[PDB]
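Novice: Chain by chain, the residues run as shown.
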Amino acid sequence: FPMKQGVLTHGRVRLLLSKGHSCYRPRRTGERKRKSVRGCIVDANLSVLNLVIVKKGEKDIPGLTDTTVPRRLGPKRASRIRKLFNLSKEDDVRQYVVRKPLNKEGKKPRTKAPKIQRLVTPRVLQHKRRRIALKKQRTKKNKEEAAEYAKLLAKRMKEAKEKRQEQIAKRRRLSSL
Amino acid sequence: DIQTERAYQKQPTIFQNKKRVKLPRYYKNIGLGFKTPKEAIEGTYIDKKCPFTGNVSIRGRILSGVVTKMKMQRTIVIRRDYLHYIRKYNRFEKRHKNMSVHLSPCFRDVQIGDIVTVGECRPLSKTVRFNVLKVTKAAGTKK
Amino acid sequence: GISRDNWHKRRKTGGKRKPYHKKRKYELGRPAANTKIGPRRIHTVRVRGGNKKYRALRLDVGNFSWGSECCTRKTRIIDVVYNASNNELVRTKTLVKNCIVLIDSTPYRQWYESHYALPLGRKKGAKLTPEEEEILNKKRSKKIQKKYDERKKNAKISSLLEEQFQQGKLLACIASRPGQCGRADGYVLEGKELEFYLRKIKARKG
Amino acid sequence: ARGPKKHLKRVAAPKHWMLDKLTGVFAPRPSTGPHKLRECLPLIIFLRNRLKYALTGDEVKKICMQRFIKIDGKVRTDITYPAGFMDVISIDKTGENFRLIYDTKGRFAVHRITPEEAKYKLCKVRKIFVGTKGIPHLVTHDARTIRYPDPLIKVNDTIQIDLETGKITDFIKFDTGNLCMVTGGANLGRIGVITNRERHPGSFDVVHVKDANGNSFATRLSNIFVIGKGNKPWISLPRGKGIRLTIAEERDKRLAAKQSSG
RNA sequence: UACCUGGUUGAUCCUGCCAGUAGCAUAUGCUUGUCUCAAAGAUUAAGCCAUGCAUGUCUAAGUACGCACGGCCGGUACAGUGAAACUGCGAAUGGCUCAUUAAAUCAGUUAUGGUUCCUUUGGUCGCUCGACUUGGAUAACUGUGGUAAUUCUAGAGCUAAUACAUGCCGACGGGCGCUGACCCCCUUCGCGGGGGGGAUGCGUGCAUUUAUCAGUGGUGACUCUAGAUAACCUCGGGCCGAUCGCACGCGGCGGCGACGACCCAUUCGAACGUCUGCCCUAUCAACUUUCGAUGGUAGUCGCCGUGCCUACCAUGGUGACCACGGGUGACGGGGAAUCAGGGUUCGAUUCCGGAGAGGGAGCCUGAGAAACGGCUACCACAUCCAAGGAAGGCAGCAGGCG
RNA sequence: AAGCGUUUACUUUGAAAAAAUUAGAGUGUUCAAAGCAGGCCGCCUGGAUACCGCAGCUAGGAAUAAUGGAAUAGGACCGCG
RNA sequence: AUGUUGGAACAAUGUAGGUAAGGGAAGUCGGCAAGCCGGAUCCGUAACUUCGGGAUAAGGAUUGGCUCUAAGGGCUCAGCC
Numbered sequence: 061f062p063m064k065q066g067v068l069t070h071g072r073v074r075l076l077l078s079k080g081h082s083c084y085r086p087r088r089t090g091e092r093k094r095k096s097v098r099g100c101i102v103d104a105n106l107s108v109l110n111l112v113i114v115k116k117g118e119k120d121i122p123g124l125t126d127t128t129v130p131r132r133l134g135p136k137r138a139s140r141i142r143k144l145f146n147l148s149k150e151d152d153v154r155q156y157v158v159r160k161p162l163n164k165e166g167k168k169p170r171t172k173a174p175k176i177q178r179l180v181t182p183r184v185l186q187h188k189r190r191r192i193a194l195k196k197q198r199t200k201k202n203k204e205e206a207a208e209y210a211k212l213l214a215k216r217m218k219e220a221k222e223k224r225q226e227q228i229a230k231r232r233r234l235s236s237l
Numbered sequence: 003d004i005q006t007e008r009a010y011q012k013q014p015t016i017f018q019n020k021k022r023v032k033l034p035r036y037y038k039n040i041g042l043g044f045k046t047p048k049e050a051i052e053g054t055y056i057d058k059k060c061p062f063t064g065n066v067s068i069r070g071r072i073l074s075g076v077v078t079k080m081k082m083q084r085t086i087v088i089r090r091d092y093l094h095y096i097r098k099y100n101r102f103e104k105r106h107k108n109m110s111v112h113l114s115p116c117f118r119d120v121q122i123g124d125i126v127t128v129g130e131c132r133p134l135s136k137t138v139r140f141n142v143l144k145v146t147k148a149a150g151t152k153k
Numbered sequence: 002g003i004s005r006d007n008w009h010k011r012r013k014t015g016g017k018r019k020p021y022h023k024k025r026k027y028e029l030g031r032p033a034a035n036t037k038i039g040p041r042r043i044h045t046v047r048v049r050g051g052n053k054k055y056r057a058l059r060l061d062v063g064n065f066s067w068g069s070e071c072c073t074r075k076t077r078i079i080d081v082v083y084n085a086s087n088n089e090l091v092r093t094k095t096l097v098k099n100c101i102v103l104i105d106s107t108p109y110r111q112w113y114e115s116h117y118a119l120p121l122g123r124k125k126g127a128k129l130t131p132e133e134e135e136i137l138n139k140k141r142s143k144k145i146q147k148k149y150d151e152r153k154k155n156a157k158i159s160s161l162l163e164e165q166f167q168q169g170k171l172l173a174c175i176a177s178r179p180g181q182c183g184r185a186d187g188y189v190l191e192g193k194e195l196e197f198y199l200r201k202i203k204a205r206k207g
Numbered sequence: 002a003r004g005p006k007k008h009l010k011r012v013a014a015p016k017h018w019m020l021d022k023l024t025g026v027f028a029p030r031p032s033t034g035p036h037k038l039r040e041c042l043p044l045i046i047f048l049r050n051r052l053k054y055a056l057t058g059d060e061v062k063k064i065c066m067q068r069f070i071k072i073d074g075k076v077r078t079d080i081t082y083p084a085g086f087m088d089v090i091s092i093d094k095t096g097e098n099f100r101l102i103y104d105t106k107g108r109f110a111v112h113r114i115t116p117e118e119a120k121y122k123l124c125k126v127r128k129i130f131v132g133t134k135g136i137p138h139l140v141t142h143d144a145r146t147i148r149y150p151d152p153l154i155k156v157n158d159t160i161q162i163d164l165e166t167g168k169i170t171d172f173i174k175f176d177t178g179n180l181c182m183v184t185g186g187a188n189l190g191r192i193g194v195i196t197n198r199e200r201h202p203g204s205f206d207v208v209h210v211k212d213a214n215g216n217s218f219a220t221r222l223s224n225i226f227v228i229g230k231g232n233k234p235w236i237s238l239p240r241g242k243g244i245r246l247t248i249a250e251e252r253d254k255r256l257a258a259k260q261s262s263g
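Going line by line, the protein sequences match chains AS06, AS11, AS08 and AS04. Those letters in the first sequence? Residues 61 to 237, per PDB author numbering, in order. Those letters in the second sequence? Residues 3 to 23, 32 to 153, per PDB author numbering, in order. Those letters in the third sequence? Residues 2 to 207, per PDB author numbering, in order. Those letters in the fourth sequence? Residues 2 to 263, per PDB author numbering, in order.
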């Protein structure tokens with residue numbers, strides 16, 4: 061049974077765990093389940109302890125301080141390339157991609173490269189230029205149709221008040237008979 | 003006369019404390043050809059459940075019945091009589107349904123036996139879903 | 002949990018209903034907010050339809066209104082004196098809709114001393130040491146003085162409303178519902194509305 | 002239940018679709034849209050069951066996504082689209098245009114309209130809505146929220162909108178003597194002039210409609226849809242022209258048609 | 001097709017019942033050559049279940065550095081497939097059963113002006129006065145492992161978003177008002193009256209809340225929608241594109257789209273009400289209540305109307321027209337059998353609506369569940385165990401026992 | 001042309017009135033139970049119609065069966081002051 | 001002034017008071033003796049009956065202190081006792 065960060069005991073307890081909690085893998089959305097977890101204070105009732113060396117000592121262990129395990133993946137986002145090589149915000153960072161060589165029997169020697177994410181390209185710039193056309197389309201259309209309606213509202217206004225004078229003239233003509 | 007509770011009852015729509023140098035009483039029409047009573051306009055009763063000085067809208071069915079009980083305050087109990095046809099025996103049977111109807115105090119002189127006309131609206135209480143629209147006088151009773 | 006269902010209780014005639022289903026989710030009821038006086042601590046809760054309700058628990062200020070002068074300002078609430086629903090909501094100072102509370106007068110007093118610039122409150126004997134309102138009382142333009150002099154036609158105030166301006170504590174009624182929208186807005190008692198609770202508060206004291 | 006329905010039984014399908022009950026237990030459940038479930042006709046029914054281009058449901062699936070079906074100015078690729086009253090379903094491949102018009106019975110009639118007729122359709126407005134900045138709005142039968150309309154259009158008038166631009170051209174005032182289309186009930190599919198309006202406050206107003214052959218009848222205003230002024234319609238009319246001549250003479254016409262040709 | 005027959009007597013005519021007669025299922029016995037439809041664990045056990053299956057899902061268009069395949073025109077990044085995984089949606093539909101339930105469900109009729117809303121459709125979304133695209137985690141993977149064991153996961157390096165927070169150049173150059181510096185003109189001996197302009201700043205998009213005031217457009221009727229003034233902008237802050245794919249024609253603009261949201265109508269539901277309708281029972285005639293019973297006031301909570309609940313009041317409300325209560329071998333209806341005419345009986349059963357997943361109760365997520373082919377506990381039953389612990393709900397299709 | 005003109009029960013009419021089932025139109029599933037097709041040298045067509053009582057809405061009638069008018073006149077009309 | 005005296009010791013048997021782990025009448029002719037309950041407030045209360053009773057039947061809950069609120073009155077609507 062895995063032990064839980066910050067439980068303030070040394071025995072074993074059962075806790076309700078939701079998404080975001082340690083030692084739990086949800087399957088449904090908002091799923092909650094009881095999980096038996098061990099205490100955080102270490103005593104002689106343990107089997108395996110995960111230990112992380114922060115500061116290397118002057119002695120050199122052959123198992124860990126000698127075996128070099130490099131990075132697994134190269135940086136992928138466009139802005140994370142700039143901070144790795146201390147580049148500026150104006151130069152091109154596409155040629156500074158961290159690619160790897162590929163060599164094995166049965167296949168030709170190829171080279172694979174990651175896709176640079178959040179990088180400025182003419183397709184995005186065209187798409188940015190596409191949505192400002194809609195803003196120009198919207199603002200022109202509201203001004204065109206409201207002025208047409210305001211002209212239309214003036215169009216009805218001359219006929220509505222002209223026919224108002226027909227009733228008022230009738231109101232005097234009927235009273236004259 | 004009024005304001006005998008813990009709180010201050012008043013018409014919520016109007017404002018009665020504007021700068022000065032009677033009350034601008036709120037009243038609304040109801041529709042369906044029903045004439046609003048004189049006492050609602052000129053009276054000093056205030057009630058949120060009144061169909062003329064309150065926030066209730068009359069919709070749905072319009073019924074009528076005879077009033078049988080008035081010991082309850084601000085609401086009354088009416089009686090409706092009808093006959094149910096049985097298809098086996100070609101006869102009828104007297105069945106009555108006595109629902110609770112809110113009585114706005116705009117109608118002042120209402121007597122037991124008057125043929126009341128009610129109107130459907132939102133449920134005012136657990137059983138009250140009907141409000142008085144007009145009070146027709148009982149047969150005869152000139153004294 | 003606590004639920005809002007009509008079928009759990011008796012009939013009109015007095016007979017007992019027998020349930021045919023368990024508790025439904027749309028009949029849900031929640032514990033009361035019971036907000037008090039303090040720094041702003043409002044908890045948002047999801048409600049039916051994927052909406053939000055603001056469960057206030059501690060509130061200090063509110064956008065009360067003074068309707069005769071057509072002005073409203075945000076002022077801090079200090080005390081609760083009267084509640085019509087229950088007397089235990091006065092001892093335990095709880096804010097719900099239609100509560101008679103006490104507020105400071107300086108947000109409204111300065112508006113009288115700026116837009117009209119006349120002495121309100123200000124028990125005679127002491128003059129303003131910051132001198133800002135004294136500057137605002139005088140030094141008007143000659144063409145705007147006539148417009149300023151027409152502002153004194155309606156510069157009269159009722160004695161009861163002026164009396165609570167003396168101590169700086171105004172009686173005001175809560176109009177907004179606090180546990181749902183989270184705010185504590187309302188209005189100041191005036192005239193017939195104001196004199197009614199003054200009889201009731203005196204009856205509360207005795 | 003615990004939510005909205007998603008299936009549809011074949012028995013529970015409306016009678017005007019005329020789907021046979023021996024084929025399948027289920028019915029094509031119409032997707033939501035500008036028309037209600039019952040009086041609409043899904044695009045799968047109009048193709049497979051009305052026009053008989055398609056045989057199975059997978060065959061309907063492929064044709065609709067070839068982008069060959071253009072309903073009232075916009076291509077929809079859903080097989081169960083709620084094609085309501087007079088949706089101008091335009092087919093580009095054969096140059097043919099369909100407008101969904103009711104027959105003399107309650108069924109939708111397969112009416113071919115001319116291409117110049119396919120550019121306009123008649124929509125019944127529902128309410129005059131004031132927008133957030135004093136903006137008049139009209140809501141049609143297919144929920145077309147048209148802002149800045151003509152101010153003289155009232156609650157139950159009809160507007161001759163234009164499909165390629167989405168704007169109105171003319172409108173017909175609701176008045177006695179104008180042509181009408183009875184959209185609902187026992188008189189479903191009737192065409193006649195309006196002769197009498199009866200007012201019922203609180204209840205539903207009923208309007209008497211005089212048929213072209215003098216067969217006057219009544220219908221409530223909720224199932225009433227004007228189509229033109231006087232005796233002049235604004236669209237093309239199918240055979241029968243919405244008369245509902247009584248069943249004594251459909252016996253005569255069906256018998257006379259067989260013996261005349263031989 | 002609206003129909004009878006035998007039987008009490010020594011024999012007669014009646015009443016009277018019994019038994020024959022014909023339908024309709026349910027079981028069962030004997031027997032059976034062909035073909036077309038079609039019911040089938042409802043009745044006692046809504047009793048218990050070995051095992052197998054029944055809800056998963058990718059387009060050119062959200063993430064592609066898994067060679068797991070594979071093209072060579074590459075250094076201008078990913079040719080293009082592609083397991084997995086993050087993300088999005090569905091999983092609240094359908095299926096089974098009829099246990100509970102007697103104005104209750106449900107059926108006909110209306111209302112939501114008393115409400116919430118996934119998806120779809122049609123509209124809005126440079127309006128606000130201050131960026132050629134921000135940030136850091138993490139899954140897959142490498143590798144260390146534990147437990148007898150779970151669809152158990154623990155630790156260490158990493159690496160992306162249509163996952164998570166953040167936010168602007170522009171439109172934006174100025175308009176409207178309020179402070180209003182200060183100025184001009186006329187007239188008055190003179191203060192005074194009127195006509196005006198005005199630097200500066202502030203506020204000014206929609207959205208939430210409070211207060212106040214006049215009627216663009218409607219409803220049978222608004223405290224409707226719109227309009228104006230005064231403030232408010234929920235930090236457990238409301239938005240106002242910090243997305244992707246195909247052609248590409250001319251300092252930057254254009255066509256075809258998908259996705260994404262704020263808001264309004266639309267579709268779609270859900271939910272409460274309104275009038276009428278329900279089996280038997282009096283060896284059930286009075287019932288309901290200060291432990292809400294029926295109304296009033298003020299609030300809480302709720303999506304909203306409401307004793308739904310609370311606090312203060314009135315003593316009210318139903319009933320012999322059967323209230324209340326009990327039984328029901330009662331899910332209700334559309335309908336089925338059977339009848340000249342009327343009626344009787346049935347309706348577990350394919351369509352509609354309600355209830356449930358062994359019995360209660362409570363809850364997470366989600367628009368929608370009090371979901372159980374979702375969890376959390378108790379009760380009853382049952383499973384593996386290394387004895388430490390873990391794990392289940394066939395009234396879903398089969399199937400097994402009773 | 002629009003509105004108001006004692007109220008009902010009752011009678012007539014119209015709308016609103018899920019399908020399936022019921023009666024019933026057409027149709028040689030070779031017949032029939034069934035099903036909604038099909039027939040002619042592309043066309044012709046169908047997939048009707050009936051009731052939905054009982055309850056509720058609307059419209060003609062005034063016989064029958066109910067309730068009521070003014071007799072301490074606060075009675076009905078016409079001008080009124 | 002402790003009942004017609006005092007002082008010092010604190011042994012058994014006594015007389016008069018008490019307390020006892022576990023069991024709870026197995027003791028004894030016999031629950032003898034001892035022990036349980038106990039006042040007040042709010043619920044609730046059977047068989048039987050001569051309808052008056054049984055009945056405080058039986059069986060349950062509460063009780064302290066402190067700080068407040070409300071109600072129940074006299075003298076001229078408010079004040080004062």
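None of these hints come from the bench; they were simulated from the model. All C-beta atoms in this analysis are idealised placements derived from N, C-alpha and C, irrespective of residue type, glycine included. Among the clues, some could well be false.
Said to hold, decoys possible - For each label pair, taking beta carbons as the anchor points, the in silico distance ranges come out as:
1. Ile145 (chain AS08) / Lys144 (chain AS11): 43 to 49 angstroms
2. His44 (chain AS08) / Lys58 (chain AS11): 28 to 34 angstroms
3. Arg77 (chain AS08) / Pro174 (chain AS06): 56 to 62 angstroms
4. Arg232 (chain AS06) / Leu246 (chain AS04): 31 to 37 angstroms
5. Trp112 (chain AS08) / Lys58 (chain AS11): 41 to 47 angstroms
6. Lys58 (chain AS11) / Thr166 (chain AS04): 47 to 53 angstroms
7. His44 (chain AS08) / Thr146 (chain AS04): 33 to 39 angstroms
8. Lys230 (chain AS04) / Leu185 (chain AS06): 53 to 59 angstroms
Said to hold, decoys possible - Here are the simulated DSS-like cross-link-like pairs (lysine-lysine), alpha carbons at most 30 angstroms apart as the crow flies:
9. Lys107 (chain AS11) / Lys26 (chain AS08)
10. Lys54 (chain AS08) / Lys107 (chain AS11)
11. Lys7 (chain AS04) / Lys24 (chain AS08)
12. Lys21 (chain AS11) / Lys147 (chain AS11)
13. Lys203 (chain AS06) / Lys128 (chain AS04)
14. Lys13 (chain AS08) / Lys81 (chain AS11)
15. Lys215 (chain AS06) / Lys7 (chain AS04)
16. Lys12 (chain AS11) / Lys24 (chain AS08)
17. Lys54 (chain AS08) / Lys134 (chain AS04)
18. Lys196 (chain AS06) / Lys215 (chain AS06)
19. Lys37 (chain AS08) / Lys23 (chain AS08)
Novice: Hints broken by the structure, by number, lowest first?
Specialist: Failing hints, ascending: 1, 4, 5, 9, 10, 12, 15, 16 and 19.
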